[PDB]
Amino acid sequence: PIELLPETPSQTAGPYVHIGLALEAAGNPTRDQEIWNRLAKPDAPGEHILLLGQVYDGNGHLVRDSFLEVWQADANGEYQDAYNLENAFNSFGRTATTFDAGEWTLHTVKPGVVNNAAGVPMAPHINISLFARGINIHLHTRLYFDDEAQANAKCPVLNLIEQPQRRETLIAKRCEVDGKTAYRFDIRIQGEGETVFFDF
Amino acid sequence: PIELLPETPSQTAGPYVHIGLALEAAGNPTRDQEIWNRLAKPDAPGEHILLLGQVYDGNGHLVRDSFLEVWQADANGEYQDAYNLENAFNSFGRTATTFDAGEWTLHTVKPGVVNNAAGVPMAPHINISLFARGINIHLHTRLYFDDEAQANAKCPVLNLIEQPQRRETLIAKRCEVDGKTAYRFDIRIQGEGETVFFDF
Amino acid sequence: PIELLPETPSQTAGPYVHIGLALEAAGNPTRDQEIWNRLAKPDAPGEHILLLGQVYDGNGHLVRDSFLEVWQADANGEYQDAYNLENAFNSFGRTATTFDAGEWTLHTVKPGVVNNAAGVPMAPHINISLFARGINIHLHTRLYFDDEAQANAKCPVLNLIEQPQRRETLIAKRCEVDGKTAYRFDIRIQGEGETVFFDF
Amino acid sequence: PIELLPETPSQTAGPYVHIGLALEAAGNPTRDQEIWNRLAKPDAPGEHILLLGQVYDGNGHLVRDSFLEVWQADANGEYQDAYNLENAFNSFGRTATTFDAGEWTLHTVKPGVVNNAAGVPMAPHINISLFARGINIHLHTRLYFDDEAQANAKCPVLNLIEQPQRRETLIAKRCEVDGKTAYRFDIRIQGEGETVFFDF
Amino acid sequence: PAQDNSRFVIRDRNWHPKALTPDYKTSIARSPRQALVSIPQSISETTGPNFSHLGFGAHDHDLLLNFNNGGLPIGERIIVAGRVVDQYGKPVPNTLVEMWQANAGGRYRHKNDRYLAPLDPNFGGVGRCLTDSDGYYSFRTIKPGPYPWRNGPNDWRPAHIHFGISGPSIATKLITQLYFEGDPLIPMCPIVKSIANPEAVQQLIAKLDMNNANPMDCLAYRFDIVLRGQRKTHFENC
Amino acid sequence: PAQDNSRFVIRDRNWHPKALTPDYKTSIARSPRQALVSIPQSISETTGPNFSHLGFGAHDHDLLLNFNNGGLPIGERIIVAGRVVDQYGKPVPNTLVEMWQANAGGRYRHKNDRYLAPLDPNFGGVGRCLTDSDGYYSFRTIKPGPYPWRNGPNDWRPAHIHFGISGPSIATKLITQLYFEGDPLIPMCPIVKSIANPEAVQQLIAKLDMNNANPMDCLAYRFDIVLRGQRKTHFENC
Amino acid sequence: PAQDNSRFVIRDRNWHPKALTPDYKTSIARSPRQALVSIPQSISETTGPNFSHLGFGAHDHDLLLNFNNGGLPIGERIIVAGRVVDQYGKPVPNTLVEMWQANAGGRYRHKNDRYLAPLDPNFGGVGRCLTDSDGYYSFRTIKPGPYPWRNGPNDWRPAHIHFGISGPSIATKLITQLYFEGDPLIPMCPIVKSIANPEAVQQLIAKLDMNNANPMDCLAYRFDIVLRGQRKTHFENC
Ligand SMILES: O=C(O)C[C@H]1C=CC(=O)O1
Ligand SMILES: O=C(O)C[C@H]1C=CC(=O)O1
Ligand SMILES: O=C(O)C[C@H]1C=CC(=O)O1
Ligand SMILES: O=C(O)C[C@H]1C=CC(=O)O1
Ligand SMILES: Oc1ccc(F)cc1O
Ligand SMILES: Oc1ccc(F)cc1O
Ligand SMILES: Oc1ccc(F)cc1O
Ligand SMILES: Oc1ccc(F)cc1O
Ligand SMILES: Oc1ccc(F)cc1O
Ligand SMILES: Oc1ccc(F)cc1O
Ligand SMILES: Oc1ccc(F)cc1O
Ligand SMILES: Oc1ccc(F)cc1O
Ligand SMILES: Oc1ccc(F)cc1O
Ligand SMILES: Oc1ccc(F)cc1O
Ligand SMILES: Oc1ccc(F)cc1O
Ligand SMILES: Oc1ccc(F)cc1O
Ligand SMILES: Oc1ccc(F)cc1O
Ligand SMILES: [Cl-]
Ligand SMILES: [Fe+3]
Ligand SMILES: [Fe+3]
Ligand SMILES: [Fe+3]
Ligand SMILES: [Fe+3]
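Chains as they are written, first to last, in the entry's author numbering: chain E, 1 to 200; chain C, 1 to 200; chain E', 1 to 200; chain C', 1 to 200; chain D, 301 to 538; chain D', 301 to 538; chain F, 301 to 538. A prime marks a further copy of an entry chain.
Just so you know, these hints were derived from the structure itself, not from any lab. Hints may be right or wrong, so weigh each one.
Unchecked claim - When the alpha-carbon atoms are kept at most 27 Å apart in a straight line, the in silico DSS-like pairs for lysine-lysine are as follows:
1. D'/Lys318 - F/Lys318
2. D/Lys390 - F/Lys325
3. F/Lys390 - F/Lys532
4. E/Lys154 - D/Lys390
5. F/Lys411 - F/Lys325
Using the sequences and the hints given, assemble the complete structure.
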C-alpha cells in the first residue's frame, strides 16, 4: 500500500512541562506575552463563564502536574484562529493544575453551536487535550454543559459513545463560584467513572 | 516433538452473527428448518423448564449481540446427538440475546445426571458456548441448578474450581416466568462476579 | 493459488509412430487384436460411409507420416466407450496416411446428433486428434458433413469460430468412391485454408 | 547511462473501448460534449472532404472494433490544438468502425502543407493512431492524398520508406460518397499490402 | 444416544487469538480477566450434535439462488470449497458448515448495519451445507466487499466470509473467518491481528483455485479447515 | 495555433508490450509483420490537442453518480487517484484522463458483452477528467470484477480499469490498464503478460491508499502515470 | 452409454511444448499459425474409449519375448514401470499404455529408418498393457540406444521410449517420450527442448529403480505419468 512519511512519535511532557509551557507554575519569570487561561476579555460578547476541574489517576489520586490545552468556538459558534493577546476573544488557551490543590481554571465564554462535517449541529463544547507525566500521548476529550441537555441528547459526537452512562462523563456541572457562573469538569483518566477520550 | 496439523484459528463471530445462525433475529426470513431454542416437544420426558439470562461486559453493560449454543443430557441422562426437528428432545440448541432487553431464552427439560470419565457422577448441568462481537474465541461454561445443592457440592467438575466463591457463579437461580418453572443464568464476562469459563 | 500436479508434457510421436500404433504401416506383423480404421461392421445400424483425406503442411506438401485418432457417436447419437472387436460398432478408431499417396481412410457410419453441456444440439461430427513428426502436441479438430448445412449453421461449437470462412475448413465434402457414399476431409496444418484446431 | 523514469507501459484498448471513447457505438447514452468525427463546421475554411475506410487483419477479415484518433493541420497549414466543440475547425478527432460494415468515417477539410523540422515541406497528410482488441500498443500511420502526387513524391517522410511499393499503402484514393468529395484509406494491419506504420 | 469414545487434542491458545487484544477495541471489556479453568474431557465435552437428519433446502449452499427476488446478485461469482479434516489429517464427513457474509459492496443484510452501501435485492448472505463422505464442502456466492467499521478512525475489514463448523463434538466446534489471497487489507486488520502468530493468519487465507472454476461463469477459492485431532481413549482408569 | 517547441524521449518498445504476443490470441492476426518505420519528430508529432476548453459535466469523474437511475451502484466504493508526470518527473497539468470499466460483477455495459453476470442499473462504467495544475487526477467508482473471456479455455482478466491519457502531444498519448494490488489473477493473464519485463507489469498495479480513503464511506487506490519525457529542442539545423 | 459426468482441468500450453519450436526443424511447417479455438467441454470431449476388453497377447508387455526368432535380444535388460495418476493424485486404473522404441543400437524396426546400425533379429520394439486397479503398469524391454537424425548436422536423440496413454477421455489422451536418468544427450536435444520449462523436462526423465530390479537378471526404471485432473461437474446450467 501507499505509505507516507511516518509522524514523529509522541513522548510524555514530563513533570517539568511548566518550564516550557506554564512558566509561572514552574516558579520562573514570564515573558512579555504568554499563552494562558483567559480566553475572553470582559467586553467579549457571550455569557462569561469560569471553568474549573481536577484530574484523577486510576487510584483516585489527584494528578497535580496536569497541563491542558483548550480549543473552542466563540459565542457565535465561530473558531477564531488568529491568536493575539489584543483580541477580546481567543479560541485557544492553556491551563495547568495547582501543585497543592490539583485544580485548574479557565476564564472564557460559553461556545455557540457548530455543525459537524455532515451539517448536523453539535452541542456546545470545549475541545481539551490533556498532557502530563505518565501520559505518553495526549488524551483528547470534550467538555459539554449540563444546562444544554436537549442539545447534548442530539449531538452526533456524543451519540458515537455506545453507552449512555459513558456520555455522562463529558457533562460539566453548572455552579456558582464567588458570584459568577461556573462549570466544574473533573477528568478521571482510569477506572471508575473513566472519562471518554477520543481518537480523530 | 510430534507436531500435528495446526487447528484453524478462531475469529470473532462479529455483531452480524445472526445473519448466519439466528436468521429471525437479524430481521430476515427463515428457512424451512432452523436450529433454535426449543429443545423439547411438549411431551418429551422430564421436567419442562425455561432457562433465561443476560450477559454483561466488564463495565456492567448488557452484551446485546451475544449468541449461545447449548448441549445437555435429556431427562434420562442421555445425550441425543441425532439432531432432528421431529425429535421429542434435542440435546443441542441455539439462542441469542434480544437487542432491546439483552435477554436470551431456552425451552428444555432439566438434564439427568451423567458420569465423568472416571465414573463419578456430575451434578445436572447445561454446557454453554458463548460467542459475540469482541469475543475472539468462544467461552465455555456450565449452568448448574440451585435446587441441586447436594449434587453440586460433590460435582467433580465444580470441585476443580479452587475457590467456592467462584463456583457460585455457575449456579442458576430458580424463579418463575409467566408462572412456569425457570432458572436464570446471568453471565458476567469480566470483573466483579466474573463467570467461570472452562478449557477442555 | 492452488497448483495441482503438473501434467506430463507432450512430445512428438515422431516418424516411427506406426511401430507402436499402426504396425502394418511400419512394415511389421500385427498382433491378434489391433485398434484400426473400421469402426462399423456391415450389420451396424446407420448410414455406412467411407471417410478419406490428405494432410498438408504449411508449404502445401503432403504429410505422409500422419497418425489420426477418431471418436464419434453411433447413428443414434450415443458414444460407445466399451471398446471390443466383437462389437458391430465402436466409437473409437485409428488411421494413418499411406507413405506413397498420403491418404488415410476410415470405415464408419454417420454419427447422430449429440447435445452440448447446455443442452444445445451439435451438428453431426467426428472428433479427430492428429499426431506426426513435427507436431509437438496433437491437434484437435472436428469433421462435419456438407449435407448437414442446416445443422452446421446452428452448431454451438462451429459458432465459436469467429469467422465464417474458417468454419468452412471443418466441412467434409460428400462424394462417391467405388459406388459407396464417402466424404473427403483434407486438413491443412498451416497457411492458406488452415484447418481450425481446438483447445478444450 | 542516464535512465529516466520508465514510461507507463501500453495495453490493448480491448473490444469495449467504445464504453469510454465512443459512447454511442457502445449502445450507450452520450454526455453533453463528446470528442468525435466532425472536425469542421460547415463554414470552416478550405475544401470539405469525407474520409472513410475499413481495417483488415492478417487473414483479410474486417477489424470491426477498431478505434481511430486523427490529428491534422487546418486548410491553412495550422494545427488547432485548443480543442473546443464551438471551434470552426478542430485538428483532433475520433472515429470507430461500424460493427456491421467495419467502416469508419471522418468529416474534415483537406489539410494544408506543413514543414518538417528541417524546413522541408511535407505533403498534405492526416496523422492516425489505430487502437483495437489485439493491438497491444497503438499503430501510427499517415493518410496522404492521391491527387497530391507531386507533393507526395517529394515528401521527406514518405521518402524514409525504403520501398516505393510500400509508400503506396499510405495514399488514400479519391472517390465520391453521396456525390461529395471523399478519400478512402483502407488499413491492412498484416500481410499482403500491409500498411506502413511509424515509430517516432 | 451418544457415547464417550474419543479424546480431542488440547487447543493451542497461543495459536488461536487470545481474549484480550486491545487494538480490537470491543475485546477490552468482553475478555475474561481470570484464567480459564481446565477440566478433563467427559461425555459432556466429547460428544455433540450430528446434523445428517437436518432438512436442507435445495439452494441452502447456493447464495446466488437462495435469496431470489427477480434476478441474480451483482458481484464476483465464486465457488468457495474445501475439505474439513482433523489434526491427524482424517476427513470429517457429514459435518455442518455454515457461512455468512456481506454483499459485493460490503453491506450486510442485518438490521444493525448502518453502512451507506446499498443492499442487493437478490442477495441474502447466508449458506449452509454438510461435508460429504470424504470431508468436502462447497458453496456458491459472490465475493464480499470490504467493510468499514467503528474501531479506529479509518479501519476496514478485508473481504471476508464468516464460517462455523460443528465437527464431531462440542469440543471441536469453531467459528472463524475466511480471507482472500492477496488482499492488501489483511495485514492492517485488528481482528486478523488478534492472531499473534503470522503462520496462523495464513491458515485463514483462501487460495484462488482455477481448477475448480467454471469457465465463462464463476471463479473459485479453496479454504481447508482443520479441527482438533480425535483419537481413541487409551489406558484410562488403570 | 500549436508550435513545434519540444522533443519527446524515444519509446522503449521492449518495455511496452510487443505487437505479436501469441498467448493473447487476437494479437496474432492484428500485429504488423513488417518493421515500424522510424521518422524524426516534426510539428505533426510534437503537438496535439489540449482539452482545457472541453465542457465537462459535474459528475463526469464520479461513476457513483454519473449513471443515476434511482440509486447507488452495488460494489466496493473506491477513489482512484494519482499524478501524471513525464519521464523527467515534471507534472503534466490540464491533461485528459479517461477511464472505462466493468461493474462489480465483471459485466460491461456494451452491446457486444455476452457474459451472463448482470448489469447494475445504477452503473455505466465511464469517467473522464482533466489533471489539475499540479498533475493530479481523481475518480470515484466501484472496484470492477474479474472478466472471463474467450482466449484460452479458462482465462479471466484480473480486476482492471482501462485508462487513456492525452498528454502534451500525439507522441505522448497512451492507452493502458490499471490492476489492483495483490490480485492473484495478474500473473496468470495473457494480456498482462504481453509485457515481457516484470518490472513494467508492476508499474500498472495500483496501490491501496488508506490515506486518501473516506472513513465509513470509500477506500482509495493510487495509480501514477508516466508519459514520455519532454525537452526543449537543442542544436538543430546547425 | 458413455455419459458426461466430469470435467478435465484445462491444459497449460506453456508447460507442454508449443507448436512452433524452430530448432526442431520439422515443426516449422507443421505448426498452426492461427490461434487454437477454445471450446467448452461436452460429452464429445469428456468421454473416450475404455480398453478393458481389448484382447492382449501373453507377451504384449514383454519386449524380450514378443518378437522371438530363436533367442533373446541383445542389450541392457530392464523393467520399465510406474503409475498413471491424474493431477489430483488419483490413480487411473484399467487405462491403455502403449510404447515403442529402437533396439540397443538405436535402430528402429520401421521401413523408413535408414540408420546403418543393425536390426536385432529377436527384437521388435513394441509393447502395450493396461494399468492395474491401482494405476500401475509394467513392461520388460532392453534399453534403447541413442538415434542420429537429420535435424542439425550432428543431432542425436537421447535414449528414449515413446509412450501413448489413453486415460478416461479423449481430452486426457497423451503421447510423450521417456528419457533415462543421467543421459548427457538430454540437454542437447531439440525435441526435449521443445519443452520451454526445465522443470517440465525433468518430468520426462525416468529414474533408476534398484528396488524393482531382478538381481543377476535385469535392472529397472520408474516413469510415473500424470494426466489431466478429473472433477465432477458443479453448478452448471444454473
Ligand atoms: O462526575 C460526573 O458525572 C461528570 C464529570 C463531568 C464533569 C465533572 O465534574 O465530572
Ligand atoms: O446470581 C448469581 O450471582 C450467580 C450467577 C449464576 C446464575 C445467575 O443468574 O448469576
Ligand atoms: O477444402 C475445404 O474447403 C474444406 C476442407 C474440409 C474438407 C475438405 O476436404 O477440405
Ligand atoms: O488502395 C490501396 O491499396 C492503397 C491503400 C491506401 C488507401 C487505400 O484505400 O488502400
Ligand atoms: O525527562 C524527565 C524525567 C523525569 C522528570 F522528573 C522530569 C523530566 O523532564
Ligand atoms: O445521549 C446522552 C448524552 C449525554 C448524557 F449525559 C447522557 C446521554 O444518554
Ligand atoms: O466483520 C465485521 C466487522 C464489524 C461488524 F460490525 C460486523 C462484522 O461482521
Ligand atoms: O462446592 C460448591 C459448589 C457450588 C457452590 F455454589 C459452592 C460450593 O462451595
Ligand atoms: O525419435 C526419433 C527421431 C527421429 C526419427 F526419425 C524417429 C524417431 O522416433
Ligand atoms: O456458420 C457456418 C457453419 C459452417 C460453414 F461452413 C459456414 C458457416 O458460416
Ligand atoms: O479487458 C477485456 C477483455 C476481453 C474483452 F472482450 C473486453 C475487455 O475489456
Ligand atoms: O515516392 C512515392 C510516394 C508515394 C507513392 F505512392 C510512391 C512513391 O514512389
Ligand atoms: O487474565 C489477564 C489479566 C490481565 C491481563 F493483562 C491479561 C490477561 O490475560
Ligand atoms: O471513526 C469514525 C469515522 C467516521 C464516522 F462516521 C464515525 C466514526 O466513529
Ligand atoms: O515482424 C515480425 C515478423 C515475424 C515475427 F515472428 C516477429 C516479428 O516481430
Ligand atoms: O473457451 C470457452 C469456454 C467456455 C465457453 F462457454 C466458450 C468458450 O469458447
Ligand atoms: O550423412 C548425413 C550427415 C549429417 C546430416 F545432417 C545429413 C546427412 O545425410
Ligand atoms: Cl540389419
Ligand atoms: Fe525531561
Ligand atoms: Fe463481518
Ligand atoms: Fe524415437
Ligand atoms: Fe476490459
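Cross-check of the supplied hints:
no.: 1; hint: D'/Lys318 - F/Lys318; in the structure: 19 Å, holds
no.: 2; hint: D/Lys390 - F/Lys325; in the structure: 52 Å, violated
no.: 3; hint: F/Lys390 - F/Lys532; in the structure: 13 Å, holds
no.: 4; hint: E/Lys154 - D/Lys390; in the structure: 57 Å, violated
no.: 5; hint: F/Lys411 - F/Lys325; in the structure: 22 Å, holds
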